[PDB]
Amino acid sequence: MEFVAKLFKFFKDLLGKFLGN
Amino acid sequence: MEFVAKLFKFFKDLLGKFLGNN
Amino acid sequence: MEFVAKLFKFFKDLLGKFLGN
Amino acid sequence: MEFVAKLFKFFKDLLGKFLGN
Numbered sequence: 001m002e003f004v005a006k007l008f009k010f011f012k013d014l015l016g017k018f019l020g021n
Numbered sequence: 101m102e103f104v105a106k107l108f109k110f111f112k113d114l115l116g117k118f119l120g121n122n
Numbered sequence: 201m202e203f204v205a206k207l208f209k210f211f212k213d214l215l216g217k218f219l220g221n
Numbered sequence: 301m302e303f304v305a306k307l308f309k310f311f312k313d314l315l316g317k318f319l320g321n
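Protein chains in written order, with my numbering: chain A, 1 to 21; chain B, 101 to 122; chain C, 201 to 221; chain D, 301 to 321.
The set of hints was computed from the structure by calculation and includes no laboratory data. The reader is advised that the hints may include incorrect statements.
Counterexamples of contact, computed for chain A against chain B with all Cβ distances above 10 Å [said to hold, decoys possible]:
no., residue
1, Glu2
2, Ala5
3, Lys9
4, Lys12
5, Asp13
6, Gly16
7, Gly20
8, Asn21
Derived CB-CB ranges, DEER-like [said to hold, decoys possible]:
no., chain 1, residue 1, chain 2, residue 2, range
9, B, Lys117, C, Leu207, 43 to 49 Å
10, A, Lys6, C, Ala205, 50 to 56 Å
11, C, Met201, D, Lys312, 37 to 43 Å
12, B, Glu102, A, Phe3, 16 to 22 Å
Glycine included, every Cβ here is placed at the ideal spot set by N, Cα and C.
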């Protein structure tokens, strides 16, 4: 499961730099 | 932007390759 | 006139490929 | 990214000296 924890961290952080801030 | 239009297109490749084909 | 038409044409052709969505 | 943010800066510029003040 630790894999997906790293995965989401990459996903949500990347999109985070993109949407409304 | 086309840059985005392919970013997700790149994600779909990663995820399907990362978690499982099905 | 032809000038403005040509200028807009040039801008759109050069830039639409960039925003090639 | 910064492209779109710059784009509107160009649009308002284009519109500025096009239509007037």
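Hint by hint, here is what the structure shows:
1. Listed as a non-interface residue, A/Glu2 keeps its Cβ farther than 10 Å from every Cβ of chain B; the least gap is roughly 13 Å.
2. Taking the minimum C-beta to C-beta distance to chain B, about 13 Å, the non-interface status of A/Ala5 holds against the 10 Å cut.
3. No beta-carbon of chain B is positioned within 10 Å of the beta-carbon of A/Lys9; the least distance is around 13 Å.
4. With 10 Å as the threshold on Cβ separation, the claim that A/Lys12 sits away from chain B holds: the shortest Cβ distance comes to roughly 12 Å.
5. No Cβ of chain B comes within 10 Å of the Cβ of A/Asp13; the nearest lies about 13 Å off, and the non-interface call holds.
6. Interface exclusion of A/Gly16 from chain B stands, the closest Cβ pair being 14 Å apart, more than 10 Å.
7. At roughly 15 Å from the closest C-beta of chain B, the C-beta of A/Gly20 stays outside 10 Å, upholding its exclusion from the interface.
8. The Cβ of A/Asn21 sits about 16 Å from the closest Cβ of chain B, beyond the 10 Å cut-off, so the non-interface label holds.
9. Checked against the hint of 43 to 49 Å, the C-beta distance between B/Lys117 and C/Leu207 comes to roughly 46 Å, which is consistent with it.
10. With their beta carbons about 54 Å apart, A/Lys6 and C/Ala205 fall inside the hinted range of 50 to 56 Å.
11. Distance hint check for C/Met201 and D/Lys312: the Cβ-Cβ separation is about 24 Å, which falls outside the suggested range of 37 to 43 Å.
12. At roughly 31 Å, the beta carbons of B/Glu102 and A/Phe3 sit outside the given window of 16 to 22 Å.
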